[PDB]
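Enquirer: Kindly produce the complete structure, drawing on both the sequences and the hints.
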Amino acid sequence: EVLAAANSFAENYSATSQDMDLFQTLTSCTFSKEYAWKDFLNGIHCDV
Amino acid sequence: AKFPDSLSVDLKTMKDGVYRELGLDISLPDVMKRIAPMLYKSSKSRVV
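These protein sequence lines are chains A and B, in that order.
Here UniProt numbering is used: the first residue of the first sequence is 1428, the next is one more, and so on.
Here UniProt numbering is used: the first residue of the second sequence is 1525, the next is one more, and so on.
No lab work stands behind these hints, which were simulated from the structure alone.
All C-beta atoms, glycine included, are put in the ideal place defined by N, C-alpha and C.
A couple of the hints might just be wrong.
What the hints assert, rightly or not - To list a few chain B residues with every Cβ distance to chain A over 10 Å, as calculated:
{"id": "1", "residue": "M1538"}
{"id": "2", "residue": "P1553"}
{"id": "3", "residue": "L1563"}
What the hints assert, rightly or not - Between beta-carbon pairs, the in silico distance windows are:
{"id": "4", "chain 1": "A", "residue 1": "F1467", "chain 2": "B", "residue 2": "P1561", "range": "43 to 49 Å"}
{"id": "5", "chain 1": "B", "residue 1": "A1525", "chain 2": "A", "residue 2": "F1467", "range": "56 to 62 Å"}
{"id": "6", "chain 1": "B", "residue 1": "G1547", "chain 2": "A", "residue 2": "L1468", "range": "29 to 35 Å"}
{"id": "7", "chain 1": "B", "residue 1": "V1555", "chain 2": "A", "residue 2": "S1435", "range": "30 to 36 Å"}
{"id": "8", "chain 1": "A", "residue 1": "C1473", "chain 2": "B", "residue 2": "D1540", "range": "49 to 55 Å"}
{"id": "9", "chain 1": "A", "residue 1": "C1473", "chain 2": "B", "residue 2": "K1565", "range": "34 to 40 Å"}
{"id": "10", "chain 1": "B", "residue 1": "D1540", "chain 2": "A", "residue 2": "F1450", "range": "18 to 24 Å"}
{"id": "11", "chain 1": "B", "residue 1": "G1547", "chain 2": "A", "residue 2": "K1465", "range": "21 to 27 Å"}
{"id": "12", "chain 1": "A", "residue 1": "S1455", "chain 2": "B", "residue 2": "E1545", "range": "21 to 27 Å"}
{"id": "13", "chain 1": "B", "residue 1": "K1536", "chain 2": "A", "residue 2": "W1464", "range": "42 to 48 Å"}
{"id": "14", "chain 1": "B", "residue 1": "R1558", "chain 2": "A", "residue 2": "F1436", "range": "33 to 39 Å"}
{"id": "15", "chain 1": "A", "residue 1": "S1444", "chain 2": "B", "residue 2": "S1569", "range": "32 to 38 Å"}
Expert: Next comes the structure, spelled out in structure tokens:
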């Protein structure tokens, strides 16, 4: 039922500027100094 | 104008519809001043 409700809500969801801002808030940087592990691992290379 | 009384309603519909499709708002002068109005129906009336 939760999955069905999620599908029903997402199929009829309209993007909003405030919702975009809050999603970016989630995506944006943090109040604590965090190391960017994603681009570090993406750009890393190991040699034997 | 042709139907002057509906101009304010048309403005509000422009404000909300473009906001619905794309996050940018036209109340900001930079977008509405030139960038958005490019999507208008021209009156050149080419004949082929």
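Enquirer: If a hint holds in the structure, say so; if it does not, say that too.
Expert: Checked hints:
no., hint, verdict
1, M1538, "holds (15 Å)"
2, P1553, "holds (17 Å)"
3, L1563, "holds (19 Å)"
4, A/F1467 x B/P1561: 43 to 49 Å, "holds (44 Å)"
5, B/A1525 x A/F1467: 56 to 62 Å, "holds (58 Å)"
6, B/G1547 x A/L1468: 29 to 35 Å, "holds (30 Å)"
7, B/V1555 x A/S1435: 30 to 36 Å, "holds (34 Å)"
8, A/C1473 x B/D1540: 49 to 55 Å, "holds (52 Å)"
9, A/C1473 x B/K1565: 34 to 40 Å, "violated (58 Å)"
10, B/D1540 x A/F1450: 18 to 24 Å, "holds (20 Å)"
11, B/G1547 x A/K1465: 21 to 27 Å, "holds (24 Å)"
12, A/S1455 x B/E1545: 21 to 27 Å, "holds (24 Å)"
13, B/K1536 x A/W1464: 42 to 48 Å, "holds (46 Å)"
14, B/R1558 x A/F1436: 33 to 39 Å, "holds (38 Å)"
15, A/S1444 x B/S1569: 32 to 38 Å, "holds (37 Å)"
The structure fails hint 9 only (numbered hints given earlier).
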